[PDB]
Structures are given as C-alpha cells and as structure tokens.
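Could you build the full structure based on these sequences and the hints that come with them?
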Amino acid sequence: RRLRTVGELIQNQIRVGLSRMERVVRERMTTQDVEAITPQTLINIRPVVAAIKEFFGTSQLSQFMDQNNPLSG
Amino acid sequence: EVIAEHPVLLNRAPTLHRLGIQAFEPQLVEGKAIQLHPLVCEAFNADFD
Amino acid sequence: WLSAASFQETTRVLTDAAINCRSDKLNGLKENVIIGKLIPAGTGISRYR
Amino acid sequence: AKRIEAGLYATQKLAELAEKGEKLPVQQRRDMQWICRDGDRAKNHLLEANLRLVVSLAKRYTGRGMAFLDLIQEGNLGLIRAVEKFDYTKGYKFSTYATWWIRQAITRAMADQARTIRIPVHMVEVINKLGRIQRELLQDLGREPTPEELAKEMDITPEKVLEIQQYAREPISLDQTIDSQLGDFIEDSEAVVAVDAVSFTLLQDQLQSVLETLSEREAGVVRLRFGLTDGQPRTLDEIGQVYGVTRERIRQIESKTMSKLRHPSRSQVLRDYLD
Amino acid sequence: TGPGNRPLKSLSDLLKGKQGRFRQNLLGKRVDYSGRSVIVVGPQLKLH
Amino acid sequence: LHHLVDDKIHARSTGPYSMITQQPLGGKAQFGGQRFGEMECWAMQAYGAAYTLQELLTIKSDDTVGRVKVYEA
Amino acid sequence: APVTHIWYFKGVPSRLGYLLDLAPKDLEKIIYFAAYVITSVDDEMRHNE
RNA sequence: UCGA
DNA sequence: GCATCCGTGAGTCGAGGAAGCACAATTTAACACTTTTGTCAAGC
DNA sequence: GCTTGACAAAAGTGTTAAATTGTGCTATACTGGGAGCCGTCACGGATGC
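Protein chains in written order, with the authors' numbering: chain A, 367 to 439; chain B, 489 to 537; chain C, 1221 to 1269; chain D, 188 to 365, 370 to 466; chain E, 392 to 439; chain F, 1024 to 1096; chain G, 99 to 147.
Worth flagging that the hints you see were computed from the coordinates, not collected in a lab.
Certain hints may be false.
In silico EDC-like cross-links for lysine to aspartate or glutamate, where the CA-CA straight-line distance does not exceed 16 Å [unchecked claim]: (1) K108(G) with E1229(C); (2) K520(B) with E1095(F); (3) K246(D) with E393(A); (4) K451(D) with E403(D); (5) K230(D) with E271(D); (6) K123(G) with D141(G); (7) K1257(C) with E1078(F); (8) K123(G) with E142(G); (9) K409(E) with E1061(F); (10) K407(E) with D362(D); (11) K347(D) with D362(D); (12) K1031(F) with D537(B).
From the structure, some residues in chain E lie toward chain F, with a derived Cβ separation under 7 Å [unchecked claim]: (13) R421; (14) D423; (15) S425.
Note that beta-carbon positions come from the ideal geometry of N, C-alpha and C, so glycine has one too.
What follows is the structure, given as structure tokens:
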C-alpha cells in the first residue's frame, strides 16, 4: 500500500490533459489544410490547463489549508 | 414581563426517548450560553464538554 | 398506503397502491402528522379535544 | 438517384391526372404506381446505406451538452435533405455532398437545443467567433486578452463584448450538492414578511382616522385621486364629473387638502411609515 | 448525467430517501421561534 | 479552542423561507430555524401532546397563511 | 407514440410482465424495439388456406 | 472536511 | 426447479468551504403627430 | 367658490427605419462510440438459467 504524493497527483492530471489534447491534435492534423499547418495551426491547450484548474479545485485531495495555529497548518 | 411563566422546550439531539425534550421556566441570564439543571443531564445524556 | 410510502421502499409501495386503487382512511397518527392534522392520541383523542 | 427522380415525377404526373381525370390504360396506370413504389424504396435504400456516414460525423460533436443519439438523429435529418437535394449528374460521390448537410444539421441543432436558455443562431455565431478570437489572442499574447483587445479584433465596441459574454453564462442545477444541496439556500424573494404585512394593516388603520377628519368632499377627492378603495388612481377630469367641477377646481382642492395634510397635526404620527 | 457526471434528479428521486419529501420535508421540518447555543451547568437552578 | 459561544448562539422568530417548500432554511448564515426531526416528533408523540406537535409542523413552518396570521395575533 | 411507465414494467415484480404473462427479459425486448411481437393472428383465415 |  | 443477481437499506442535529452568409419574416425602436392631462394666470 | 382659455406636458398612437430572428445552403471524397469500474455488508426475492 503506497502513498501517492502531491507531485504524482498533479502528474496524473497533466497526463489526462495531454491525452485529452491528442484527441484534438489527432483529429486536427488530418482534416486541417495540408503541409503548412505546423503546431500553430491546431494545438489547443484549453483541455490541458483545464485539467490543472479543475484539479486544484473540486478535488478531495486539494483542500483549503487548515490554519487556526501553525500546528494545524 | 413577557418571559414570566412562559414555558420553553429544550431539546438535545439525538433524541432517543421522550425525556430528550423537556419543558422549563426561562430565567433571563447574561452571556451567550445556556444554564441547564444538573439533574436532567441523565435524561438528555448531555455532557458539558 | 402513505404511511408505508413514508417508511421504506417508497417506489414499490406507490406502484402497488395505485394498481389496487387503494384508499387511506387517514386513521393512524403518522398520516395526521403529514397532513397537518391532530394526531389521534394523547390530547388528540376524539373525547378530550 | 434515377429511381427516386422517376418515382417522384411519376407521382406528380398522376397527380396532374387526378385533377384532369383522363384515366390512363390500366396497364400503364399500374406501372406508373409501381414506379412510385420503387421510387420510395430507392429513397429508403439510399438512406439506410448512408446511415453510417451520419454516425461517423456525429462522433466528433459529443461532450458539448447534446446526447450522442440526439446528435446521430439530427445528423440523419441532414442526410434526408441531402438525398432530397442531391444531384447525380455532377458525377461526384454522394459522401462529398452529404457531408455538408449532415454537419450543418448537427451544428444547427446544437445551437437551437443544447442550451437550457435557448439562444438564437446569430448570437451563437458571434460567441463562437468571440471564443476563437480569444483563444488565438491567448496563443499570441500568452495572457488572456482583455475586452479592449477582444472588441478590437471583433470590430465591435468593448461595452458590447461583455454583454455578449454575459449571454454566455450558463445556468447551474439547483440540485447540485455541496450534503444538503444548493436549492435549500435560496430564500423566496416574493415571500410575504410578517412585520411589513402587519405594519401595512396598522398603516391602513391610521390613514382611515387621519382621512376621517376632513371635509367629506375633500376626503373623497383624495380617495379617488390615488385610487385607495378602488385601487385605480383616477385623474382630475374623472374626479370632475363626479363632483361636477372643472379639473382646475380639483387641483385647488388637492393643493389645499395636501397643505392641510402636510401640517403637523395629521403628519406627526405618519413619520415612522416613510419606509 | 449532467456536467461532471452528476446524475440528474428525477421525479422519483424527490420522494425517495432521507432527502426526499417524506423523511426530509414531511416527517420533519425546520420551524420558527427557535434557537440553539452551548449549555453550562446551572447548579443553582430549580428543577423546573 | 475555536469553538466559541459568540459563533454558536443562534435565535430566530421569523426569517427567510425556502422556495419550493415554505419551510425555513438552515444555518446561522441564512438566519434559519432549528430542524424538528423525525426522532424529535417521536418524543413529542410519546408525551401525547397533539397541539404542540401540530403547531410546530403547521403554523411554525409550512402554513403560508397561518404564520402571518399567528404573527398578526 | 406511446411509452411504458417503467414503474410498472421495470419495477420488480414486473406488473406488465405478470399482467400479460410476458417475461421481463422478453418484455424489455418489446418496448425498446429489440424484437417484434405478434399483436394479432387470424386463426380462421389461416385454417382455411 | 470538523464539533457532541 | 433452483440459484444466481438485481433491488433496497444501513443515526441525529449542527458548522462550514471552489462556421459563415443571404434573405425573408418579425418583433422592437424610433419618429411625426394628436389627443388627454396637469398647469399658471386672470376674472366672474 | 368655480370657470375660462390658453398652454405645456404627458400619454398614447400610428407609421416607418431597423434590429432582431429563423431557415436554407455550401458538390474531390470521407460511412459502426469509447468509456472505461476494484476495497462493503447483509438480505430478500425475483428472475433467469
């Protein structure tokens, strides 16, 4: 039984953001013009940053720092 | 003047039996806390913690 | 039928009551509580009131 | 395609015969109606064959708030008009022309339906362009473009873009839990308050006593003017027909009774009722 | 399901459960003329 | 400890009401009333007091015309 | 086009199932268009031919 | 997520 | 006829924190103009 | 005590310039979703095998 740390928990959300992006890139590279498109044509980072923003909020692991005293924090 | 001989009902949750609710005569007291009779604690199962 | 509906398995109780075209006489006290009537017990007996 | 057009033309020819009579030979009349039979079977066959193209196009539009099946069916509607408007003489594959109608049917459906508060097509059009212009300015500037940059790129005023961004607001479910759900936190605004309702009655009681001390004809003018008992505020001319005076004579009565009402003996008690 | 995979509440969901119309808004209710606070010993009080 | 009387004391006579059901709301932030629950009704029925129970569940909470009339009385 | 209530059909035991002597597995196939059903046959005309 |  | 599997239930109050255009149809505003109303002054 | 006429404001009111709104259409060829689910526990009774 292992402990998933803060850095690893964020990693899993970045993975989901990148996987959610390739669906747009894979669908974009085929039907988007030809030969001149390059990453500027279609690389939509909206799903990537959304995975980060949607994680720090609404997630049970990310909580408001509990601070009544320096001990509780 | 209006408080005089006007009863109120006190409740301590959870209410297991009917003695969890009892009527008392109010006595205006300072502060924000409530003063409870020490004998009725067994009925309410109310600790002072 | 509404006393069993408020108790448990509300979905099953409702379909059975509607199929049998059941009628509730509103006798028990849990019924009178839901409709806002005087429960038929204690001071609510047909005599005392 | 030729079977469909033949069956349609054959159907219209017989329709021209219904009004004009001229019952054709029974062998020709039976064959004409078989062409219409075959024309409809040709239409149904062409749709059932290209029912999968609709599905292959509708996969990409999911997750937007429209259920998969609804996207598929709306795409099928685009396929119907595609077959109805398709032309076989141009020598182009059917999938070439049908792709346009299926995408248009799916997108047009999303703009007219998927939003709980429906938004017209032209407003949905400006929002999507506003979003694309905002996503590109993000890639260019590395920061979210403020409305001034968005209004500039869009050829519209800055005060208009925020209003358009206000329309983009989407409703939230009252049943969302955050254990008791949000719906329990909304207080009824039109719910009657006890104090104000009881105060309004005591206020009605006080006005009766104040208005009771006055000329019976002066009190009547004030009651009709503001409506009071009736509820509909009248006008000077309407009050002039009941008391048989000109609208000017009532304004004189209205002014004299008002200065008598403003005078402190009557108004000293009504100060608390300002609000 | 709604946004974020939240199942929509249905007419049957309104009656059923501890949160339904029965055990929530029928067999119990929130009332006026009431309050709460902590309790302290009242050793000098009469039983009533 | 962070548990203080000034925060916990709450009192209400009349206040905001719920929209779908006319019962008051909960919490001190909403100025709501105390919940009289299923187990508390059992204790009220054990004593055999019908008028006190009916009062709590009608004019105290859900009766739209009864609460304004009680306040008027 | 009509629709089943799903309270009587899906609710166990199936009310439509016990009413028409139909199995729930088969009844689901019928109302959701997973298979056909014979609404009526002509027993006399079939016998003549 | 905590208090009895 | 029997057993595997679906359906229902498992404490009470609190407290708190997140594509694009064209074109026809239509309703909305915008304006010129008349009636209806509140008004000031003078005299009967 | 009331009325007059002239008088300005307001209130409509009908008519026109305008914005808003709904529907149709786009012709290389393109044809069967992807999402996911692990930690009850005890029980009853249908349903399914």
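Hints versus structure:
no. : hint                   : in the structure
1   : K108(G) with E1229(C)  : holds, 15 Å
2   : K520(B) with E1095(F)  : violated, 30 Å
3   : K246(D) with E393(A)   : holds, 11 Å
4   : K451(D) with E403(D)   : holds, 13 Å
5   : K230(D) with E271(D)   : holds, 9 Å
6   : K123(G) with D141(G)   : violated, 27 Å
7   : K1257(C) with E1078(F) : holds, 10 Å
8   : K123(G) with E142(G)   : violated, 31 Å
9   : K409(E) with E1061(F)  : holds, 11 Å
10  : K407(E) with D362(D)   : holds, 15 Å
11  : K347(D) with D362(D)   : violated, 33 Å
12  : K1031(F) with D537(B)  : holds, 14 Å
13  : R421                   : holds, 5 Å
14  : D423                   : holds, 5 Å
15  : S425                   : holds, 4 Å
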